[PDB]
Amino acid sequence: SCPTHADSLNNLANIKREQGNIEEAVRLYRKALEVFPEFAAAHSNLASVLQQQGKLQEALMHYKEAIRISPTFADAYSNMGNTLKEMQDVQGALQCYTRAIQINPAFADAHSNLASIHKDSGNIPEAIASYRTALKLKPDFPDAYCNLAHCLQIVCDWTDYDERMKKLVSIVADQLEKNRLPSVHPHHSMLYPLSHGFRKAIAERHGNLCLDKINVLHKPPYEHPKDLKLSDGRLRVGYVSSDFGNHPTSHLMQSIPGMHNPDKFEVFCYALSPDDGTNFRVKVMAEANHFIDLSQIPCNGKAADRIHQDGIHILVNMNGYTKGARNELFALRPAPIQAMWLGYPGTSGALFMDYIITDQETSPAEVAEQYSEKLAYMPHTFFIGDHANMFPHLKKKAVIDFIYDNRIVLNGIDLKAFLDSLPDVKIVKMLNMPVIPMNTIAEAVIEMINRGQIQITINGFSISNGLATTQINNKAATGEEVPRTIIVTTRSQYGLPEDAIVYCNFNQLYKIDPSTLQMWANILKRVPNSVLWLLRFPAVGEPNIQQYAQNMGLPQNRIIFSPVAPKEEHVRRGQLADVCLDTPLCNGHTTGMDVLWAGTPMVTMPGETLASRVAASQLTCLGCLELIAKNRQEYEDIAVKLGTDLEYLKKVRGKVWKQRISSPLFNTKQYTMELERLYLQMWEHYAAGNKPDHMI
């Protein structure tokens, strides 16, 4: 039992760890702890390497031993807190982080970890403060700097934005050049001016973390099917998602599994998350051929075994590097063909994914180098929404003349019966828009809006206030049910001037960048009386956006903020705007479908990353190419023309209002059949004896 002998083995393991050989490091750390057990450093190092192998319980054990041996070991506290956070023990993580700060007030890593815990809980102001404290203790701290950079992005804090972006690029440059895990998350990387190669390298590295966690399983490669004989001529497709529930993913594709052709396909749905009781989860469980709750199988080795023995041919990754992802399942390759579909707007960077389902308008062959996987093109757009199914009451509308189409709006499944009950109704032809003229009925509706009342009854029909949806029917409010009443939606509800062009953007404020606010300021200045409609998403960003708005010459009233609303109210109130200004940095993907379903045109400026070219692809599939701008000048000009030429605004709004139903954008049955065609191409390729290659 020689401590110097164990010290030499410990340093030997540290070298082997720094050579990316986690298993040799493990062997030597345990070798050191067998020579001299009371070796606090060896316990913590073996804990760190076991933590990244995924053996959290064992890592926690060795962290406690190191802290027992030397209680002043603040580093073991913060790293034990990281282990507890990975175990969903946030309570214990806080105690570890705060006890480390108590023991060593100058220990920056504990402050940074405490900032991360606040960030994960939505406490962005407090996460910012703790990151700043950590950077004050340790100025060179890439994890603290990059995470703080994301927080400032979330709240639209653009102080020293240009210098920050350059520092982020250099940090990623260095970390990639030193074979270290980049401090920028791959999902965040599409917000900073990195090279496409930098982005792909970040994604590849975050995917190799999965390999480090599955290599400890020692699982042998699987035998994959080579035909459809056992499947009865059916192609077995497995959709893996942690978002079968009240998540935007289900809001886009919940009707897709039920629309597969049962003669050719067998649909497997693997939920990575437990049942949240929402109707989205109910619909997918009912309509899918099989539904497997992989959240009941934590072991990725066994969960991959379950997928393999189900006989999946094409396994679809709908998470990417997002919350709830379990891409270790895809790393064990239980299926012969593995593809990325919707949940992640980027490349996996890794080789356990073979394809990425996209379109030619979002992923052109020129930028086909930003994707590690091969490209699988869909006919028009890879993007789909379930708005035709979730919000059919928004299929037709009516207005009240106090003749705009977006000032006092009515929607309802039983609307046409109510309009026929009224004596005088004017039909503005275009299919057409009824107008309720000013009369005792209209007076009562406006009184209900003004008085703050929840609902009224007119000729026996239920007239509901658009702001009271959640107390009239909570599942109608969340989009789980179609409203059974008639809903009134006015500009006075949200403070929109009744005589103004209303530009809107209901995306999260993290997608706005200083240049985008500059373009919007230019557009608002050139269109007199126009307003910009944004959401408190988050609310702490509202003063920051307002501050930069004043700097660009816009007075206070030019930008109007409104609270975030339930899914149904959010989509319905998009009817009140005239034009939607999309965020060029990161396009509104689900928000883009939401605004287009309302019949509201959307000006976009496609970029180079997939995240920046989705809205353009949506507009191309819709059939509105005049809304797609090739540069900043054209983006501003298009929006100004829509805002100043009311006749042109009227024609384009009618164009969107009709092509939402006519174009394939919202036709889920078409999308599924084309998805099936692409699936069959991929299998024909593979069964012919071909490793994955581009599809068109």
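Residue numbers count along the first chain shown, from 1. Rigid core (definition): largest C-alpha set, two forms, superposition within 1.5 Å. What changes on going to the form deposited in another entry:
- When the chain is split into two rigid parts to describe its motion between the two forms, residue 175 and residue 29 fall into separate parts.
- Relative to the larger rigid part, the smaller one has turned by 8° between the two forms, according to C-alpha superposition.
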Given for the second form:
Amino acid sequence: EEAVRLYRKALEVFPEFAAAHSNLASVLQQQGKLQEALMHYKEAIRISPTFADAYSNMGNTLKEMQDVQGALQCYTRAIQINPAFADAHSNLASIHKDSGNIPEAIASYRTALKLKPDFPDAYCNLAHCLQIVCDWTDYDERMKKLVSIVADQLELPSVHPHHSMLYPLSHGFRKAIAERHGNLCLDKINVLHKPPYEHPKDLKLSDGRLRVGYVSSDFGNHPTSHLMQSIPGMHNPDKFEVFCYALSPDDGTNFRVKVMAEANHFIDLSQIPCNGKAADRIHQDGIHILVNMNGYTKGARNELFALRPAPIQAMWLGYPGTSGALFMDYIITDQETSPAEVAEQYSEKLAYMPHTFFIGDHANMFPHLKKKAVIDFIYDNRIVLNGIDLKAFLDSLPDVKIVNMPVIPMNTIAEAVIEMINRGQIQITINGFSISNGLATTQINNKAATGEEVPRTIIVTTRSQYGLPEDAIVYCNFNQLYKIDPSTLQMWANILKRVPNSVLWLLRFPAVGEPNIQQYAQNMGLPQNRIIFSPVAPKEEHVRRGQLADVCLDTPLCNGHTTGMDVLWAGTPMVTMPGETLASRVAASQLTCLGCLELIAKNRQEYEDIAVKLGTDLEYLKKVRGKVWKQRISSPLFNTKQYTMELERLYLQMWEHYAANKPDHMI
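Got the form deposited in one PDB entry; any chance of the form deposited in another entry too?
So it's only the chain below, everything else dropped.
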């Protein structure tokens, strides 16, 4: 704030001061004034045409305005002017990173570190890049060094809170990191001189209904909607009123459509870009509990929560960690992910949901996967059929043997099916029905593939489509590869050597980490026929293809979150080893809810034993599969209604307390 005042006087004193133009421009760029910022930077450059530092900071602004090509020309021009300019290289690399050119990002990060060898920001950024591709050279050094960089800075931390969970920090360190990010949001809002807000201490203006405001930049196609899209419309209108605050433009999707149609009030904060004016509106709506569903994730506008427009402010489901900030009062969680014992990682108090804070709209979005049929030469997972009108088709058939899983005998029906898969042709007609190839969903109905529409054909899923073997156990992990580390790959390799008849199924997420994974795998005595890769698939293909797997091996470091509920939905047991950080206790929470305590491992030996057991004790696997396949329907896991209602109980609980006392832990 006072920097601005200074600089304008510096420019009052002296009209022609290139550095102070550039300095003014950088602080206007902090407080969001991108156009004005950009103007002063060109003044600086007009004064001094070889001002590398302006060009580099101009590029940053252009990147923030989403002018990516202009930011490119700016960074390059600063590197031309001064080829040993460390920041131009760091910044350049960060564009390459956001475009998914990680090899070219890594190169430019290196070049920075060579030029200015103590440059903490660029080290941590490179370290995340290395994580993304599963490059683990000097891995132990790296980790030891990131703890170091952070140790130092604490006395702004160069490791992002959404990253801090992947590295061996202390929980004091992870909290501390989030604490200095939350603090930075306050320093942004205090510029606005805003008086404190006067909060309802009553429900009388609201007609006896609790006003709950849900803020998310992901009401649209993003994992957030894929999990909670039915929550607003399932709220009880008699006792609650729902306000949805989108932080992003309408992305066009049926996910966005649902939330706008179903909420009682939908407010687009993307056109109220000023945080003061936007937090004014939240207060004017009269919100009682305002829920944060971003934490430190792409889109967040935590400044809205930094100004305090609601008496109660809660974190929920979009952020797998602490915000570290005193403007957030609760975190909605459960005892199985955030045990009372470990409450002191979290700056916020702990609000317990009764089973798992995690939800999924799979019940609603993929209901063609509630029931299945298989084709013969019996295996539940080699050649699979799913359809809304599957039953009708089965009953159109001469012969079918229900074991309850219907089974199609190998006839001229099953020949035309498997030859479709064989040719890679899109679809066929049998008895007037659509029989469609699972590899071709986007061709047939795009919105079906994205999960915007339930599919309206019968879809065929086979291991042959993925190059999975028809006579061997399949392990999968379907996450982004960044969550695999050395230890984890070691565990999987162990399992793979005890179970000779097996393949571990991974994805090119990204494909540029595949050679690494396989290299490191082969250092552990594992041939290249053993780990299979296939590409990332459009949403519905993903969830469907989990049917081909036998068992899914969860990443202990950071669990499948969305990816977890995805695999459970296909009827595939997941083996997890819950760690310490909330991101490592999720798959375990989901399984406690689902009711498979048998799949939750206490340590590595336990983990590997569980999964080797599952891959050799075949009837134990038929037992466990059977148990998961029924319990996804019969347990609270996928039950958005039970979820919403119990969530409603927890909110009233939070109101009653504030109605009297200050925020305190919830059971």
